[PDB]
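Below you will find one chain, with nothing else, as structure tokens; this is the form deposited without ligand KAN, and questions on how it binds or moves follow later.
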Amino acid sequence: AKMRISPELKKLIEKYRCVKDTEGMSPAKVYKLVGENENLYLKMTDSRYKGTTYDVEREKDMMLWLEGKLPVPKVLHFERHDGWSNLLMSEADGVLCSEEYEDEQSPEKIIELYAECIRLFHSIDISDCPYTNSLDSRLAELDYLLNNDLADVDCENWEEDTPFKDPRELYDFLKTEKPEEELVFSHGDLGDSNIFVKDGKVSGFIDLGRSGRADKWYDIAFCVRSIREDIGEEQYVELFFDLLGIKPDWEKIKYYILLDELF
């Protein structure tokens, strides 16, 4: 009788061939359900992450609210079952960006894509957005994650050259250097593994747990980080800002990139 999914959800997915996603970049369990005529995806998060930006329930609320606003998968079924938040969704439309630009010398293409994403985001009306992921909320969550050992451990943070010696040290800095915020729609984890492209245009967004209201520099900083991680040429960072048509605010960019090292 003890199961992580309900009998109702089990019936909906029995006909599919379960292939667990190998990435495992988050505490969530992700499953591709290979069917005869389509694939579905089931994302699950345990009770320890209930209410946090990692909670897939969060992720369903944003998916529903984002329908008609951004290209997102369809919510086929959601439920809370024995502490688990279970989200059954349709397969995103298009090609995963990390795949589309995998072995391809064209950093400029993903830059153009990021620019496009930031553009689309700034057009989204957040007046009735389900979640506000301002720094007060994010830091309170981070505090909880740290205290309960639920924050992700970037094993690279153990290397001797890392600035902050421990998670709290970084947290105290984030708490102290909290920049001013101007809320706009924020994806929360604008990476090439969460974005889909079809015919040059963005075709889908997933991993929406941190989606909601947040400063504009949050997603922008994420992009700066991605640009630098893939290529050691800072010229592409300037290209990105040329495309956005704005001046980089390095203090805010550094801040949000730092905030991410605990997520």
Second form
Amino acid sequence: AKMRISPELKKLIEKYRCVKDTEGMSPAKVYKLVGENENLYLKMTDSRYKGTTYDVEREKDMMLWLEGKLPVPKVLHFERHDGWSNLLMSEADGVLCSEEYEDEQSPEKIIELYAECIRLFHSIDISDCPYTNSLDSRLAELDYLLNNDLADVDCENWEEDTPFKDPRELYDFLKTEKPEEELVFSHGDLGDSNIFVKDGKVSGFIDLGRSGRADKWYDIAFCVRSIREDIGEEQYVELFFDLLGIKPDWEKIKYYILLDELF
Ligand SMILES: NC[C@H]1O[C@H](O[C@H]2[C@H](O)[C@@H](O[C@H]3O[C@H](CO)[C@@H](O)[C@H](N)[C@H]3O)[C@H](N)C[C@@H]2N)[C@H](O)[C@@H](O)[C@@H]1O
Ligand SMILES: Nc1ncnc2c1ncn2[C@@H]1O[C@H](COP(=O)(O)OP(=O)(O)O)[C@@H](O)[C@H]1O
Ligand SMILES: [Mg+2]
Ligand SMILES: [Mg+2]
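Now the other one: the form deposited with ligand KAN bound, given that the block above is the form deposited without ligand KAN.
Once more the chain from above appears, this time first in line as the rest of the complex follows.
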């Protein structure tokens, strides 16, 4: 248990000036490798999350599968060293969505980007998708996290509208209100922190440990959540739906939003 990376990987990143990310809120460790000819990225999770949607090991699988289907990083190196899952990947092409609009009067551009991701997602053949993240599987995983204290139940940034007075109240609810599901490709954590844009078009997706099959409303819900907080104006949510060309199923949007609360 040397705590981190193997020798080989150490040699591989030597040439680069390692810069530790400070944005990622997951349990994973992220490092930007500032190189001469390019930039590389190293992401790693410890053994506690092995098997879970946090496991970069799983993230690596989806990264490989999605190649030639979505703009994802190139899997440059992967290893399981000392109970850790370490992934070396290519820098996402484009500009981090969040950064690209971090301060602009571009509400419409954001919404457009979100709707493009959704349509784009729907066009992906999940017939051979490595993982399935159905509600059943997710709740089983949530249950696991809570039992092993792998979830931050006290100090997380919760929605101002989450009723529940404790973890199990919410778990129970999710377990009781499971909505009907209609599998489609799902990112798992669709936000301006995991999406890249270029020339006003999506150019890349990262953070894939939670990708796989799941209901259509999952990602839709995530977008709505960002939108309502990052651009206060009920009117901009209606536009997002106009672009997706569908009516909102509020009951399901609320559900998937709550589902993400303990992750
Ligand atoms: N625990 C680790 C996870 O922490 C965040 O996830 C949390 C969301 O950030 C919270 O939502 C807040 O941030 C949204 C932007 O996404 C805003 O729209 C919203 N108004 C805010 O309440 C939500 N309540 C809980 C969710 N677990 C990271 O995103 C995710 O990558 C990381 O794995
Ligand atoms: N391949 C990549 N190219 C560019 N930036 C990346 C890449 N991988 C990670 N990052 C950067 O690091 C941040 C955290 O990485 P992410 O995979 O989202 O970890 P977490 O699961 O904690 O959110 C991202 O918001 C992004 O800024
Ligand atoms: Mg992320
Ligand atoms: Mg993540």
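The term rigid core refers to the maximal set of C-alpha atoms that superpose within 1.5 Å between the two forms. Residue numbers count along the first chain shown, from 1. Residues that one form lacks are left out of the comparison.
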Position that moves between the two forms after core superposition, taken from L76, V153, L183, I124, with Cα shift of 2 Å or more = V153
